[PDB]
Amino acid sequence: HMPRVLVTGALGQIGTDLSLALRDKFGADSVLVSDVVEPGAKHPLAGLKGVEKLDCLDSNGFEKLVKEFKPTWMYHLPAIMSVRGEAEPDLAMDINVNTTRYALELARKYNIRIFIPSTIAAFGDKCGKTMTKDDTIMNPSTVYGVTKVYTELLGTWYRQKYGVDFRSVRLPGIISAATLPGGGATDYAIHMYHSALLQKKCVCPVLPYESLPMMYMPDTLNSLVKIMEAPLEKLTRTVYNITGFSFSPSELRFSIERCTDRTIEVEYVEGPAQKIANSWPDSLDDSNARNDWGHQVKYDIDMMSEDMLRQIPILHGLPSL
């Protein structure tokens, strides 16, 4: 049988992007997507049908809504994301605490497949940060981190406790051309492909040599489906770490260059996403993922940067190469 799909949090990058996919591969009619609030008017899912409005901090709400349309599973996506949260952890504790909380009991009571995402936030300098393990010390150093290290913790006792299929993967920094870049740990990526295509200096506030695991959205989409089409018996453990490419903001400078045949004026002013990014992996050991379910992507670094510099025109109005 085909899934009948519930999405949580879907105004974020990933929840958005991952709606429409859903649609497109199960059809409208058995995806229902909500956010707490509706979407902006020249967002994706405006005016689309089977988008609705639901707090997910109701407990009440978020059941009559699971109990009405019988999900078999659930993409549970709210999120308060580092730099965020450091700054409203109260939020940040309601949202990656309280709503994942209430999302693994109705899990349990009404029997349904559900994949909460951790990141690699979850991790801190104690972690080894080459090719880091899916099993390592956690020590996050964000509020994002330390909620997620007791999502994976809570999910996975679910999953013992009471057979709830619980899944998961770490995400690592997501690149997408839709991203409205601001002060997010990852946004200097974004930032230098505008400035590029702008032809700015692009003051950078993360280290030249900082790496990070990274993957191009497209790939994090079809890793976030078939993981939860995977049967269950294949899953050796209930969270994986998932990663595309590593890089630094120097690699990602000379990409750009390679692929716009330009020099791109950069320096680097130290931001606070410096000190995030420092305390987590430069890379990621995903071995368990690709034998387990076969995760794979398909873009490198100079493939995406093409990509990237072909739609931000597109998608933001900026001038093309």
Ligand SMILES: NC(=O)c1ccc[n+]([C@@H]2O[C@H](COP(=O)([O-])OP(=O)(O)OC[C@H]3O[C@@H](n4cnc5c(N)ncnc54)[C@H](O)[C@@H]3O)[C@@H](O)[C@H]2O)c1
Contents of the next structure:
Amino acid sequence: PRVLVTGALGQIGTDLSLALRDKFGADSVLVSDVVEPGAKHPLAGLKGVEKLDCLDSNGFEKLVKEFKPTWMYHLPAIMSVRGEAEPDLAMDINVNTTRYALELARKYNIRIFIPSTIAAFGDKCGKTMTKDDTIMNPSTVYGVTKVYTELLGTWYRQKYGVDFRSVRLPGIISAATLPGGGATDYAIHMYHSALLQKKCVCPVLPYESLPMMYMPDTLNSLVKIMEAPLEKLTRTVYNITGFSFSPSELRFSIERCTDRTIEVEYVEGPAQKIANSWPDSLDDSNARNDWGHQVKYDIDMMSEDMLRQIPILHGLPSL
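Rather than the form solved without the named molecule that you just supplied, could I have the structure of the form deposited with the named molecule bound?
If you are looking for partners or other molecules, they are not here, because only the chain is given.
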């Protein structure tokens, strides 16, 4: 497998890029992003990490044509909250980069991964154990563009035989890289605002349950879905989930793990109406069945690791 990741320097890409370099050999992985990594970023100083604007279609084709990837994880998008404030940029990046990637996959025979999201859903979806197949009525421009992503990929599969694969990722939690302007960002800032002990102001309301998942489970599935023989895939897009929580539940979990009575001031934010139009939980039976999606981490295990890891990697108070 010769693998290319676009949008690599972000939350997902960072841990993805490292896990692919580790699993497959730093030689077999090329990675790229619009910016250059800064001084402290985990992929800084590493070979095979290019600067590439996915909107520059010639640059995109030239990187691909030279590297001859066989897999591609196409990760750039503008996410929910920031898309509502910069919608022109979200229409650009999430439609046009997506289109250039599908065309390069076709032209150059690439198995292509594009994440969708629970943001593709909206208030008519069936919010409890949402099925893979249901009414799609997202209420953010982000989700809108990702419904397009899902349908456009599936059409490329049908029309040209392009091996397009996707999963509707839920809230993904990690320590390495701080998230990129979505609603689930609160969780990770709570973990920090527990460490520094400063008042966590949480934009999301306390009992708003969302599907969520910890990064190593997320990394395991990203690869596993892409390892799978095409014949085992009954569809192109799949719900996967780790487990659901509310911000009062994260608060509690971190409150156990630390032995502290930490402060959260629930000052509602733009994220709130966004989250509320999302499902409380997904049915991911079809992924479990088709290609063996599996979770190990529960919410308490996640906190253990998280409070243990931010200090190492970022240098906040330890123990």
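Positions refer to the first chain, counted from 1. Only the largest set of C-alpha atoms that superpose within 1.5 Å between the two forms is called the rigid core.
S.K.: If you line up the core, which of 262, 43, 64, 275 has a CA that moves 2 Å or more between these two forms?
M.R.: If I go through the list carefully, the shifting residue is 262.
S.K.: After a rigid core superposition, would you say the CA of residue 198 moves by 2 angstroms or more between these two forms, or not?
M.R.: Shift of 2 Å or more: yes.
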